[PDB]
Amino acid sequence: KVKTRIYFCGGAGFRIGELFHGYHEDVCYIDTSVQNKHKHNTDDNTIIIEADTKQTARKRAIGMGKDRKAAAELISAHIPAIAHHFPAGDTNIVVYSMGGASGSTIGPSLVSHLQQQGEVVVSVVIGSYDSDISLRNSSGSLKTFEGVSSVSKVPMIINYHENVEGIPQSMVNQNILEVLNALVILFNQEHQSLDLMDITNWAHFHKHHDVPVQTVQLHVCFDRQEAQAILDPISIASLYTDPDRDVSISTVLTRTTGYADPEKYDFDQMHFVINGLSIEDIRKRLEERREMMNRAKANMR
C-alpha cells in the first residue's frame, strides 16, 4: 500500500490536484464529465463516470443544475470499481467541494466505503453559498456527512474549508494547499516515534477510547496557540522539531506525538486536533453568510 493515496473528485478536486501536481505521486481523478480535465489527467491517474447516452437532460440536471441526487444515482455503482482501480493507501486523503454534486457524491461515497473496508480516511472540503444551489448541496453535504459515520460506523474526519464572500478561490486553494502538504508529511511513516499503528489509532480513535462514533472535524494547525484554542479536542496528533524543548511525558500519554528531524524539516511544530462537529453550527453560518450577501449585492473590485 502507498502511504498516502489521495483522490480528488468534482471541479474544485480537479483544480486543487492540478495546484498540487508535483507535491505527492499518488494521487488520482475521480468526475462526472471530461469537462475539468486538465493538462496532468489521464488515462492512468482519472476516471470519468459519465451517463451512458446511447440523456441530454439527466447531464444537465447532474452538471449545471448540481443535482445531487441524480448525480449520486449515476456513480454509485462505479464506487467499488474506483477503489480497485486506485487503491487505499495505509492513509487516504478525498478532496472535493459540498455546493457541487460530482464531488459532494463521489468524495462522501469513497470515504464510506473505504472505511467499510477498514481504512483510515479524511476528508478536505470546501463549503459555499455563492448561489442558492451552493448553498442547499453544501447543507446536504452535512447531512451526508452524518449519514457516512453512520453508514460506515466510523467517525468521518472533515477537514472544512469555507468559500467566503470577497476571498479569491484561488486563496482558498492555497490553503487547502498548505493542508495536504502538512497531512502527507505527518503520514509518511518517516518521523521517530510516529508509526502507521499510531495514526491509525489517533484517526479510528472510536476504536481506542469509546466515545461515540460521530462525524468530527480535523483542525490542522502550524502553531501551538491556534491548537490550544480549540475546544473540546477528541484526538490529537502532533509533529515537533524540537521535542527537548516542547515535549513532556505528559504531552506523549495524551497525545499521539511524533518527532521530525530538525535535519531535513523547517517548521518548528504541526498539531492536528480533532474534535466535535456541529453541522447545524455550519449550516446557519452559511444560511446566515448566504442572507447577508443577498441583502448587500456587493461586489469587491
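Each form is matched to the other, and the largest set of C-alpha atoms that superpose within 1.5 Å is called the rigid core. Positions refer to the first chain, counted from 1. First, how it differs from the form deposited in another entry.
- Taking the rigid core as fixed, one finds a CA shift for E25 smaller than 2 Å between the two forms.
- For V34, a C-alpha deviation below 2 angstroms is recorded between the two forms after rigid-core alignment.
- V247: CA moves 2 Å or more between the two forms after rigid-core fitting.
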Second form
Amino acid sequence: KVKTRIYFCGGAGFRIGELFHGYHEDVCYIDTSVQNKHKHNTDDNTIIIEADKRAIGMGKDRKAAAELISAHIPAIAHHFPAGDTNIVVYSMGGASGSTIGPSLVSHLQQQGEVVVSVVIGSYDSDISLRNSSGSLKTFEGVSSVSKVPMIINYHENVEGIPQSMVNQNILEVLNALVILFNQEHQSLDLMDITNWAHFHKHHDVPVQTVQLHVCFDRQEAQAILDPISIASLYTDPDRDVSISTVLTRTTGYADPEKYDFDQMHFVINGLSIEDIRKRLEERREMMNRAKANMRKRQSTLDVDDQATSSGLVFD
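Switch from the form deposited in one PDB entry, shown above, to the form deposited in another entry and output its structure.
Single chain only below; no partners, no other molecules.
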C-alpha cells in the first residue's frame, strides 16, 4: 500500500491537483469531464466516467451526477487502491466532486481505511448553495453509513475573495498532511495516525462529521474549541507539551535537520461543523427570500390563442 493516496475529484479537485503536482507522487484523478484534464493527467492516473457516449461534466446537477457515478465507485477504488492514509479533494457546490468524493470516502471507510477530505464550500447561486447544503448533509450521512466519523478540512469560497487565495491555503494543508502521513517521524506510527483519525473507537462521541484544523503554531491549535483528537509534530522533542484537554493525542518528532518548522498541529473537533451549517442556513434564508420576491409576468398567450403542433401561434 502507498503511504498516502490522494484522490482529486471533479473540477476543483483537478485544479488543486494541477497546482499540487510534484508535491506527491501517489495521486489520482476522477471526473465526469475530459475538459478538466490538464498536462498532469495521464492514462495511468485518471479515470473519466462517461455518460450515455460522452464526458462533458454534470453542470452542477448533483442528483444526475450521483445516478451516473455511484455504481462505478467499487471499480474505481479497485483501480486506485487505498493508501495507509487517504486524502480526498473536491468542491461542495459542484456536482461531480461532491458525489464522487464523498462516495469514495464512504467506500474507503467501510473498508476500514483512514480518510481525510479537503473540501470547498460555495453559494454563488441557488443551485450551488443547494449543492453545498446537500454536501454538508452528505458528510453526516456518510459518517452514519460508514460508521466512521467523516473528517473534513473546510474552506469557504467567500463571495468576493479570489479563489487563488483559497487554493493557496488548500495547498498548504495538502503539503502539511503529506508530511504528517509520510511515516518518517520518530514515535509516530501508522496505528497512532489510525487512532487519531478513528478516535470513535475509544471515546463515547457521536459518530458524525468532524472538522480538521491544520494549525501552524501552538496558539492556532489552542484556539480550537472542544478538541476531540490532536496529532502534533515537533522538530524539537523538548517542546512536546499538551495544549489543552483533549480525548486523543498523538505526537511525532520531525527531523529538525530536514524541517524548518517549529510545530504543526492537526486538530479534530466537532463543534466547528455547526458554524458551516449556520452559515449555509443564513445564505439559504436570504436565497428563499429573494426567490419568493421575484416578479412573475403574465403569459404572453391569451385563452383565445391557438398553437400548431410545433408551437407556432398566429396573432
